[PDB]
Amino acid sequence: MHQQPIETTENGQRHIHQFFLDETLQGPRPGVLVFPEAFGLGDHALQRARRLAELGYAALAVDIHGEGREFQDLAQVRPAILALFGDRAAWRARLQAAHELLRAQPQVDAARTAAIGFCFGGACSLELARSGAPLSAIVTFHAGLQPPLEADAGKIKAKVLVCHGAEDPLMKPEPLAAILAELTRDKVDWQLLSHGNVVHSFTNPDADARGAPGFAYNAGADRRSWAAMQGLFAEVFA
Amino acid sequence: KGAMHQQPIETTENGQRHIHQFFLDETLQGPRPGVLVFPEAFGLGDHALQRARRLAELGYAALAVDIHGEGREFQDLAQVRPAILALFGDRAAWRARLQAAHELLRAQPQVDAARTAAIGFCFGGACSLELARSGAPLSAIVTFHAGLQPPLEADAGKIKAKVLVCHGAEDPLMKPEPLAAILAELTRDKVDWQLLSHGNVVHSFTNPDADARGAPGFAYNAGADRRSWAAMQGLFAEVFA
Ligand code: NA
Ligand code: NA
Ligand code: NA
Ligand code: NA
Ligand code: NA
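For the protein sequence lines, the chains are B and A, in the order given. When we follow the entry's author numbering, the leftmost residue of the first sequence carries the number 1, and every step to the right adds one. When we follow the entry's author numbering, the leftmost residue of the second sequence carries the number -2, and every step to the right adds one.
Some clues are possibly wrong.
Claimed, not checked - Covered stretches of chain B, going by a simulated chain A footprint (3 or more residues, C-beta under 8 Å): (1) 7 to 18; (2) 95 to 103.
Claimed, not checked - What follows is a set of in silico ranges between Cβ atoms, one per label pair, in the way DEER data are often shown: (3) B:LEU180 x A:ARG14: 34 to 40 Å; (4) A:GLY211 x B:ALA93: 35 to 41 Å; (5) B:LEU180 x A:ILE6: 46 to 52 Å; (6) B:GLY86 x A:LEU74: 30 to 36 Å; (7) A:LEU74 x B:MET1: 47 to 53 Å; (8) A:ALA228 x B:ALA83: 42 to 48 Å; (9) A:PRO147 x B:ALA80: 27 to 33 Å; (10) B:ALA209 x A:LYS(-2): 56 to 62 Å.
Bear in mind the hints are in silico, worked out from the structure with no lab data behind them. By construction, the Cβ of each residue, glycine as well, lies at the ideal position given by its N, Cα and C atoms.
Take these sequences, add in the hints, and give me the full structure.
Set out below in structure tokens:
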């Protein structure tokens, strides 16, 4: 396993992304962006990127806040997140730049990429798909997805898998249905895997200790969603 | 590049590849003083690369800065004006990017991180002064026919560098009243500053392409170029002794 930091600046702020490649497999391979939960890049998302490398992918874990920062409370990151939610064009320009940074690594086959994300990271993955980036697939895990925009009609090129806790308060039934209606109008190849009795942050063991409501780890939902991701990637990268 | 080694050093800034050009004389061994070389507003091209190459011949480690990305150099000032006015309107972000360029130079193993300087031509001279005003630990800066930006009270006392401003006395992009305001800032703070002002000399006096721009206000002047470059060399010889 090779783990390499990849540094950029964004309006002068240093970002330190973490790129994983397993030398067990030989030659260029599909690239996967891994977007963390809103707290920022930490062990949760780094472990996901390391495992994707073990499965044969070149995985770029995204430092969303800069300086590899991971915060403890969503209050610490709320202003930065609301600023992105309030300027989706600027957010998307940053997301497309991360995609181009992944594509440019020598061991990444620039034609074969995907994006996964957890929580806010899943919102990022769908915004990047809606920008029209040439992703082969996206997978979201317990994501609070942003609402559809009519200007994005027909832009998604990826296959889409939404892994969802049926009781997650951050992705309520009516807004989720509005998103599925967008994907259906545009004939996007989409799947919803909805887990009974599961809420937000179900892939993160630290969710059981969070003081905010609606958070709990669920080992079953995590394993089943991770397997469905692997199956989608095996389809598009066969 | 002559006998100097030239190494591209790439950064990713705001989604763009920047391809800086680092010059060293490998017949000299060891860490040595580093110099940032900021080009005119048109972008990084042969004019600034030749100056970085000459600094390497003099014994320095010189990083020619790719200001626009992808090595881009513009012909028409109307095309660069929006990006430049944006930097002028957010001097904090501009300074953070300049600081990151300074840290890139300092991190090279052949650069003594404690002993650095910055030069710049036109807009690049404004860059050099903004980096000094940010409080960076530069030993010296030299500006050549630069449209320097006006002083900010928040920068009082922050310049650590010695300062040499090489100026065309009839440059219309750096008029006498705003220049005087900058010299008053430097004087309040007791910065070790010099002004070398050249009679009958206008903007872009170090760039032989200036003669073909068709523009009043732009003209190469070989005497002013040679005399300003020798004053720079003298300043660097003092601080890096
Ligand atoms: Na590549
Ligand atoms: Na697009
Ligand atoms: Na042009
Ligand atoms: Na160094
Ligand atoms: Na400072």
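message: Please list, smallest to largest, the hint numbers that this structure does not respect.
response: none
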